[PDB]
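As a starting point, one isolated chain is supplied in structure tokens, in the form deposited in one PDB entry.
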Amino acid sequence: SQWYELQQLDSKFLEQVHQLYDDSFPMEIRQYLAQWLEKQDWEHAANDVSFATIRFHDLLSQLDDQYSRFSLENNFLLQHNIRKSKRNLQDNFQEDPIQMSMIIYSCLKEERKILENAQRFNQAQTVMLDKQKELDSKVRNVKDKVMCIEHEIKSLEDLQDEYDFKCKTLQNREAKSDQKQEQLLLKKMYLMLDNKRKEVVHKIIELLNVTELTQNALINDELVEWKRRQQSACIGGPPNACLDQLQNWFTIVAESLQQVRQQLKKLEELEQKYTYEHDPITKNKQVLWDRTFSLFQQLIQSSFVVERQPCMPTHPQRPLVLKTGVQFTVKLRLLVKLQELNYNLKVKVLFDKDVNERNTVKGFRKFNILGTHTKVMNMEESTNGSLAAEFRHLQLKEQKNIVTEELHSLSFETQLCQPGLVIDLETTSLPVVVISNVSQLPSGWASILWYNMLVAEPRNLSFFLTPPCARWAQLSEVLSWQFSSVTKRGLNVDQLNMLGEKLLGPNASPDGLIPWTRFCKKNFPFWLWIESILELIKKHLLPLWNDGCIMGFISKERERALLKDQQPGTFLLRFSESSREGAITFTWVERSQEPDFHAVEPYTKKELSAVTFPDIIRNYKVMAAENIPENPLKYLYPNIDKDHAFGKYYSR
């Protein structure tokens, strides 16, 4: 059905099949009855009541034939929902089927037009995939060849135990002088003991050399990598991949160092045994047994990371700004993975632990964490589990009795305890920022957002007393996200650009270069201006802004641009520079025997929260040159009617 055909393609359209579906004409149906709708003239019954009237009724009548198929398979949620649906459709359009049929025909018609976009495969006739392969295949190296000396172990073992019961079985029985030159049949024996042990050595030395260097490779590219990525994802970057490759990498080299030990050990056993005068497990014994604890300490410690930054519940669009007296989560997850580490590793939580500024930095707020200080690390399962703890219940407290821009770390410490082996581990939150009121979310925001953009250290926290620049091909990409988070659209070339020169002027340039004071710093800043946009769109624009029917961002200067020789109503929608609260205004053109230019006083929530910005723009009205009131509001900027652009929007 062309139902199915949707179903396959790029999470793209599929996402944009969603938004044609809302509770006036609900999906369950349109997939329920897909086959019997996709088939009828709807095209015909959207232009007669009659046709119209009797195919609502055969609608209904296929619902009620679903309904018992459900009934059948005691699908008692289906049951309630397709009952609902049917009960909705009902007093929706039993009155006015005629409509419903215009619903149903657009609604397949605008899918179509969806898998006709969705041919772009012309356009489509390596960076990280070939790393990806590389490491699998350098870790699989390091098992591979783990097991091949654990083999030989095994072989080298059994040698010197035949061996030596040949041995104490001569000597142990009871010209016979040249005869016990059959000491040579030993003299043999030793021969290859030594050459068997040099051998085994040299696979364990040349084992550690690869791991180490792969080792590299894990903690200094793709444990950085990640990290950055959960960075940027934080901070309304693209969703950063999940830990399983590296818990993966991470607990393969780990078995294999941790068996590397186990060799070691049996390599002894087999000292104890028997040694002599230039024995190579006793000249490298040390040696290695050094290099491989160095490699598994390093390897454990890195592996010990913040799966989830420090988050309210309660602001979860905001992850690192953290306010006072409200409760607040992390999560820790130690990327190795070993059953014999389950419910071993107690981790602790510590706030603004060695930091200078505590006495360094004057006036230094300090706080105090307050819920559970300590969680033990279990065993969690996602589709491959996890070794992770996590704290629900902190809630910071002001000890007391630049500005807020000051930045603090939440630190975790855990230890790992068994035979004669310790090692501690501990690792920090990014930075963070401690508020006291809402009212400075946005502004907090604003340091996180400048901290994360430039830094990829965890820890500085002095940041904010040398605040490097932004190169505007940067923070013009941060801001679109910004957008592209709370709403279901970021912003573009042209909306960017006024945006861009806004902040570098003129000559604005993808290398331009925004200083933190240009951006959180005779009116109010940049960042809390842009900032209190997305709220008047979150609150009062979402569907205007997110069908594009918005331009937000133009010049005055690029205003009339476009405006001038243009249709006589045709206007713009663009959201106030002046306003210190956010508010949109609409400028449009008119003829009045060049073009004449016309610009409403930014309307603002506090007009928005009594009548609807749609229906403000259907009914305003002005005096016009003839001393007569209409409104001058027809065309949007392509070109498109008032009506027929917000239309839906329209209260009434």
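Residue numbers count along the first chain shown, from 1. The term rigid core refers to the maximal set of C-alpha atoms that superpose within 1.5 Å between the two forms. What changes on going to the form deposited in another entry:
- Residue shifts between these two forms, rigid core superposed: of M147, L185, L370, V287, the only C-alpha displaced by 2 Å or more belongs to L185.
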Contents of the next structure:
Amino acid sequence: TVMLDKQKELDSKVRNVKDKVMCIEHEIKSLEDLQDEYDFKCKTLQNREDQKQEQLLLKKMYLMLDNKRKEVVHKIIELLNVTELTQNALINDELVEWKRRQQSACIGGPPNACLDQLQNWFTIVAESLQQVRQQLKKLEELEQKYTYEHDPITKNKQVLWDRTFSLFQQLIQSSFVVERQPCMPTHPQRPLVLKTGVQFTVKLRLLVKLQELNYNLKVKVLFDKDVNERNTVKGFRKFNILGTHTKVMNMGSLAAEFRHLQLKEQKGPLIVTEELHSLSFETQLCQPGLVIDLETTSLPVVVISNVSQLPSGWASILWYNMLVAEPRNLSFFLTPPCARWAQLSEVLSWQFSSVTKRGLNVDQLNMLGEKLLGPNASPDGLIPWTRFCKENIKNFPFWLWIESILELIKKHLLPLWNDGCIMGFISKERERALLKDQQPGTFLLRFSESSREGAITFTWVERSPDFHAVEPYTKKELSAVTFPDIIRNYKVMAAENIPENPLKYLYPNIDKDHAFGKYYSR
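Alongside the form deposited in one PDB entry that was just displayed, please also present the structure of the form deposited in another entry.
Only a single chain is listed, so you will not see partners or other molecules.
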């Protein structure tokens, strides 16, 4: 309802702007008519013979005209005052909030709202400002025909014109946005990480959708424009865009989609995966008596030469987007900041919920929180970038371990994870406390903390209670035989020297077959 309230308030302001410019149009029409009659009466005074009354009327008409000129000017000033407030809300609040929601969406957060509500608002205020500029030129025509000392039109014409242009320029400039961030179509859930020699796509949109602008604005893509790091950062790489750098905006939405774009290197405080670049977009509105430069940038992008570097590059996109709300902090990794657990936990859950149909619960995250922060884990605990992706927390880094787990789930364990069969992230002590006091064939599925590759293992309790675990299963084992088949056909030698399946009940208390029967190949 909070969102609705803001929306309805803006809708109201936009309606006020539209209505106000219509009122002025009607008032200006009446003003022209009064002036024309005033002109008539002044030229026909001689004919009247009835002369005194007519002379008195002429003075009254002047007064009415003066009052109406003052009234129209006052209304325009008020309209411009309302317009500024409304546009500032659209630009500095709503659109800023949409761009933030786009950052989150790129990194697995909740989906972006469609732009059409903001398009409607931006277009109405634009149409209104266009009309005002026409209204000011009509007023100037009236002034040219007739002007007096202390004429309101003469006194305010310069400022009213300057204000209106400044507002229109700001609104159309702000309406130029990156609707869809750069992304390789072959890696759709991995945006802002671009591989050299591969095709990528970016979409631009002008929120002010004016029919006259259709097919007229030509957008040019530039790589690393005004990037001081190419000078200040030693070893900074340089690239060129292959493919067409230009696209006309067309309508519905007035938009420009760049397909078939490609990056090629040119013939070290920052590593490749931490180096941040920018795509800039430029166009210009040119009309008789009207020129406006329009520019916008993408969010920072990481450029890689090998697919192997994609998980690391992704980690850097996640860090930036989670911690920064700016489009151009390209020196972010020179001195990277730390993240609170609360933010990281949400993002980590997002990773799972984007790749699979299931995210991470409090229990799984508490386990992970302890791996990063220790037994003292709090939601306000700070995790350094070096602890997330660079240092070996064991012989390996944390994000690489998490990633290899998500690729195992995607390629081999999707239905089990989605259905809730895998506990996955549980501490040894926690596993002990859940498993003990349970039935003799109780087991749980979880991921290995000692395996860099990404593995899965099961731990079962037995009455002497004794605990037992299996050597972990990597992708190689999973490719040959599915994991539900492994669970089904697992055998340990019993005390009677006969093979037996110790796996009887999935925690808390579910028959192996009921839980995994659906996934058995045979």
